[PDB]
Structures are given as structure tokens and as C-alpha cells.
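Engineer: Chain by chain, the residues run as shown.
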Amino acid sequence: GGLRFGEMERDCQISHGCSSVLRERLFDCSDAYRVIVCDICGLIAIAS
Amino acid sequence: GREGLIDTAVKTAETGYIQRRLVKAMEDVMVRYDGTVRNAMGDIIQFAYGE
Amino acid sequence: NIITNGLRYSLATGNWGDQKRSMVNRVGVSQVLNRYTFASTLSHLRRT
Amino acid sequence: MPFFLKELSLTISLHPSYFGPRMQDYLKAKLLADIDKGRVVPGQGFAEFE
Amino acid sequence: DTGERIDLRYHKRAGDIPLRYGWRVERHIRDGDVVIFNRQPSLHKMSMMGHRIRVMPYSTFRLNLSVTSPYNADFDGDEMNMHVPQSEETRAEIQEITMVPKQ
Amino acid sequence: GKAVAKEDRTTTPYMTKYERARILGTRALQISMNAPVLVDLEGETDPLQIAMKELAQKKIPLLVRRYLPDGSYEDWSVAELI
Amino acid sequence: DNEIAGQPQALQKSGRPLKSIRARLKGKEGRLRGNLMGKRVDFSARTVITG
DNA sequence: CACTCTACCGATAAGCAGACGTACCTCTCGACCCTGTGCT
RNA sequence: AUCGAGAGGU
DNA sequence: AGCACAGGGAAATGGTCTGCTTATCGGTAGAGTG
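Protein chains in written order, with the entry's author numbering: chain A, 1115 to 1162; chain B, 826 to 876; chain C, 437 to 484; chain D, 1 to 34, 57 to 72; chain E, 414 to 516; chain F, 61 to 142; chain G, 311 to 361.
Quick caveat, the hints were computed from the structure, so don't treat them as lab data. Hints may be right or wrong, so weigh each one.
[Said to hold, decoys possible] Here are the simulated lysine to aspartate or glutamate pairs, EDC-like style, with alpha carbons at most 16 Å apart:
hint : chain 1 : residue 1 : chain 2 : residue 2
1    : F       : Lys77     : F       : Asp130
2    : G       : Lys338    : A       : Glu1121
3    : F       : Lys66     : F       : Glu140
4    : D       : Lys6      : D       : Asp25
5    : D       : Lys30     : D       : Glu70
6    : G       : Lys336    : G       : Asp311
7    : D       : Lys59     : F       : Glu134
8    : E       : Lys458    : B       : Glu852
9    : D       : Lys30     : D       : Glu72
10   : F       : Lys62     : D       : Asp58
11   : B       : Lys849    : A       : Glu1121
12   : E       : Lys458    : A       : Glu1121
13   : D       : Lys59     : F       : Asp135
14   : F       : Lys118    : F       : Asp130
15   : D       : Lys59     : D       : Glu70
16   : F       : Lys62     : F       : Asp135
17   : F       : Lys62     : F       : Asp130
18   : G       : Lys329    : G       : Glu339
19   : F       : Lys62     : F       : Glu134
20   : F       : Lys113    : F       : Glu102
When you get a sec, could you build the whole thing from the sequences and use the hints?
Structural biologist: Rendered as C-alpha cells:
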């Protein structure tokens, strides 16, 4: 299993000012996912 | 010594909660390119960081 | 099966009482004996 | 035969390999096959042109 | 280029694969690579700092003595975490903002 | 959002440390994806070092769109930034 | 919401309260504190430190 | 046209309940019931 | 796998 | 006629903080009386 990147670590990276570090740790390295949203109603669409 | 140990074991949690509360209150306050300190709503907190 | 299963369950899980009142029952009355060192076992047998 | 002259917009993503003097010729051909300042997409490196 | 992932362990002829521009190689982290290093609880900014790798024997994380204070760390059993940045942007941020000397 | 004129710009004329980190990271990422290098290479293999040496010569072809709190913005060249 | 005050909880067949949507979203282990503001991350090592 | 008995919307607090709680990590150990009803 | 309980580490 | 075993089953009683809901209660305001 992976290691927890918690609230305090997120705060530390915020005070550092490293926006891309947070984006990588919390999106690209944990649970990256993609959805299609409807521009009219703003809800996830049926995408093939 | 027992009192010292108890104080440690309680103070750790007390301060952890305090710090989480503090960070949540001021996480959005940032220095802007016009020199002012503002929060995420654009409200001016200071007109110059640290005055 | 009543007495047998009840005593077995209470001593096994430590959940102290009926199986159906798990939340209201006391917990941790029974603990796996600590066989790491003779002294640790002696200590575990005398714990309050 | 009603023909309409209209102004339209498109968002072109361009690979960094094309980031040279001939960038604008490539975009026009891609627009024809399928210019604003190029916004470099964070985390990807492409450039978005409107 | 198509996103397919060649596993060099289970590819019978891994070593004989010419590389083509645009591909990626997940290469072992080597000496001099930049990583984030931290201890919990992370009470302030200085608890996550950038370090340059030195791959070396034995199973412990070894670090300079004077860096213990910002981590509030000592060697009586403390365990620390290491995060490897996975992009050029993240590497630039760690190296240019977060590094230990800058701190 | 309205672009501010080059003469009316009021933001600092220096590159901020955050701007420097972002610029180096973005240029290094573009170089790693085969972006043409605007500086002579002496055998460097790390895209980040290539971007650093491009920066030293102010050869990074990037802008910084600094946003003011009201939404107006100023475009600063990496070359003209101090 | 299974933590309604003044109502009987919707128990489990194993004598446990059901996990309601509010319970899934609530708490440190909920979605917004255990899965969104914090996460388990890839490409991370951990071990003992020596000098 | 001096009075004093009830109508008022106010404010007063009153007791009420309901709502909150350091971080990260390692491991072990235990996990429904009751009764209809066909089978043989 | 999930859930609960307990023992521990800094 | 007594138990498998899937169908049919929920029951004897054993910290300070805010916002709502109630009693309390003046300060006038009608006038009801004079």
C-alpha cells in the first residue's frame, strides 16, 4: 500500500507554494480519473 | 514524572487540534501582485504584508 | 449451546456480554496473552 | 441558397515539438484541416491557442 | 507513444528494444535525484524538505545530523517518508523552493 | 479581463521565486518533450539543467500573465524580468 | 442519515449501525478528509532513519 | 378628562436539547437467528 | 475483502 | 415425528458553544371608568 499524504503535509506544501507538487501528489499519483460533463446541466455525461 | 507523561499525552492532541483550526482559518490568505494581502473572496486582510 | 457459545464468544472476542448487545457490552476484557518474553507474559497476567 | 459569413473560434492544442518559427503556419493548416497567445497547460506542456 | 507499457522483466528480449523520441523510461532513482523528505507530525513548512539522493547499502534513510532539528527527528526509532516527484515541473519546484539549503 | 499596457504595468520588475520555479519547470517539461532548444548545448542531458542554462541567457520563450485581484493582467517576458 | 436524534438506528444484521451516506461523507475517514484533502500516494518509501 | 384593568406586541432571559475532539505507522484477532415444512 | 476490537512505534 | 434448511423473523426490559422552544414581564396603549 501507499503512504498517506495527509492534511499537515498538504499544509506544508501550501506554505511552500508548490502548487504542482500538490497536484501531483493528490491527483497524478493517487486517484487520477477523467469524466465528461454536460456543458448545459453540468452533470457527468454518458461517454463512449 | 507521571504528571509529566500525562501532560505530554494530552498536550499533543490539544495542540494538534489548535493547529488544524488555525490553518483552516487562514489557508486562503495570500499576497497578491499589487502588494495587498487578500483572502479567496478578494477581501483585503492587509494593505501591505506585515505592514 | 447457550452457555458454551456465550462463554466462548465473550472470552474469544473480549466483547463482554451477549452477542446481540455488542455496542452496549464492555470491550477488551479478554486479550491475547503476550508471548514475547517471559517478563511480558508475567506482566500481562497482572494487568488492571 | 443562403450563405452566411460568420466569425468562429476554436481551441488548438499544440505539442512542444512544434514550438518554433513555423508555429503559426502549422496552426492555420490544422484549423483549415479541422491567433491568440498560447496558454501553456500546467502539467502537460501543450499550448492552447484560441 | 500509444501508451502501451513494456515491462522489461517479463519481456523476453527487453534489452534489445531501440528507443524512439517521445517515449518514456521509468528508470531507477539514482544518485543526485531530488525527493521530498518528511516526518510526522508535520508541524511547519520545514518538515517537508528537498534532498538529493545517494543510493547506498543498508535499509535505513541516512541524513545529515544538523537536519534533524527541523524534522524534530532522532535515531531512537523514528521513521521518515520519502516522496519521489514524477515530473519536470515538480522537480523544478522541489529543487528551486523546497531544498534543504534554501531552508 | 483587460490586458494592461506595457507602460502602465505596476507589478514588480523582478522574477519571483515562484515564477522562477514555474518557468524552469515548464521549460524543462517542454524540452523533455522535444521542444527546440534556444541555447548551445555542451553535452547536458537533464532537461532541467538545459532550462537553467537557457534562463541564465534569458533564452526561455515564455511569458508570465500576472493577474491582479480585479482580473486585469500584465504579461511579462521571461527575458525582460530581472 | 442514520445518526438522527430521537430515532432508532437502522441496525445491521450483525448488530451494527448501517453506514449511511452522511457517515460516508462525515469524519476524518470520510471522503472529504480521508480521500480528498488527504490520500495514499504512489511512489513513496518509508523507513527508519539513521545518521 | 383624571384615573386605574386589562390588552398587547415586544423585549427578557430560562432551560433545553444538540453539536465538537493530534499526525503518521506496524501488527494480531474475531465475526445471526428462528421457525415453517418437506423429506424419509 | 469488509467491519469491529486490541496490542504497539515515533 | 423430529431435524435440515431455506423461508420467515426485531425483542423481555435495563467540555464550552449555538439555536430552538417557554415562561416571564414591562411599557405603553387602548380606553372603561370617573
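Engineer: Against which earlier hints does the structure fall short, listed by number upward?
Structural biologist: Hints 1, 4 and 14 contradicted; others consistent.
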